[PDB]
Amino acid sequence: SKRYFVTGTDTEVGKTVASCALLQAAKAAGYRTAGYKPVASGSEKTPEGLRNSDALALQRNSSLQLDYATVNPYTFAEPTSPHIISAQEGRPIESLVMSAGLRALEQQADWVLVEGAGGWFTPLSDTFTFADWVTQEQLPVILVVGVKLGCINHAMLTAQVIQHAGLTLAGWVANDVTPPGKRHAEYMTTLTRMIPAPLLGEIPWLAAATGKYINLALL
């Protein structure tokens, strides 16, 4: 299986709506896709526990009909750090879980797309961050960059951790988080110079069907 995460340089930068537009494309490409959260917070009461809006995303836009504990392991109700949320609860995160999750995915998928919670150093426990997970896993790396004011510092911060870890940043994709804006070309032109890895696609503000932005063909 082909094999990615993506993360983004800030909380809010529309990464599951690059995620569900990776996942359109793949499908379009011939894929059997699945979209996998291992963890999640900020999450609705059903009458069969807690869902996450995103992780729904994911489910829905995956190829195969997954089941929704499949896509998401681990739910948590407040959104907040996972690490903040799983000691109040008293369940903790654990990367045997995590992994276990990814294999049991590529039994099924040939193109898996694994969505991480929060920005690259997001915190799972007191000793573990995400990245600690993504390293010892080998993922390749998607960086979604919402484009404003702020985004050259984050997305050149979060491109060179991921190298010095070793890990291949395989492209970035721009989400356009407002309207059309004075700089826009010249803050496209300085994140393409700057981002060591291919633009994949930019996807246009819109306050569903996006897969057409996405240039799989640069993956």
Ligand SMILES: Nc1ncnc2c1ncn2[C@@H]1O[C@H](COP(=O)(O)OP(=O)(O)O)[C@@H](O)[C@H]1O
Contents of the next structure:
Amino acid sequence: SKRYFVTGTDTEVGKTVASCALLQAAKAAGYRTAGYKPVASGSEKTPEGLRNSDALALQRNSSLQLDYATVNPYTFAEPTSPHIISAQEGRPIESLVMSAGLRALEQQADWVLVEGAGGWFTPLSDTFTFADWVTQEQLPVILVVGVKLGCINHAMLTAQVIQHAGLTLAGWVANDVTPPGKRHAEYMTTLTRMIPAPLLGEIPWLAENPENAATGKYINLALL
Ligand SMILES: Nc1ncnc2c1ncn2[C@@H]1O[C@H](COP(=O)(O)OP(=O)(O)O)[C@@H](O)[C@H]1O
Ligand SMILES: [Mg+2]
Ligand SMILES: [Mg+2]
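Please move on to the form solved in complex with the named molecule, as the form solved without the named molecule is already shown.
Let us now look at the entire complex, which starts with that chain.
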């Protein structure tokens, strides 16, 4: 069944918003979908336990009715690097558990999207990063680019390292994190030339609750 890992040029660039658009597009295409945020930090308390906002968005945007824990097995309250808070709270992050969770979703979904945490090299332990897990799973990678000054360098750095890891950069998504500025078209042209993967689409600046906006329309899944 189809599976994609979604990474970004940094934290706070639109990975979650773009992942929701991707999931909406896949449901529209007739797939049985599931979003997966194996590791999450920066989460709020509820009577059921901690809930992360990205995991909730992926859950809501999945075509299947999924239990929270199946979407997000590892939830940390403090918004810091996963390895730091995992070591502090004595709750190790295990590659095998992350992988089992992906398999569990595949029991029911035929199209699974996995959202990473932070950027490509976010540490999970003092000796293991998210990039290590993606490499183990041999997942095709989708790069989310928040269109802003500095994004060309970050997109190029991320694409080069993914390629060096022997992984496939399946595509990229442009996300308009701020209102339109002067060199938007020039930036889009530059990124299109430099990133060695198809541009899947562009999400416009959507000030109010973009995670639940109808954004599937901005993604062309036939390019993926
Ligand atoms: N296209 C968009 N339009 C306007 N707001 C955006 C857009 N994309 C992201 N946001 C806002 O920017 C912040 C970071 O987006 P998010 O998808 O959570 O980033 P990441 O998952 O990369 O950390 C959030 O507050 C989100 O609501
Ligand atoms: Mg975030
Ligand atoms: Mg996110």
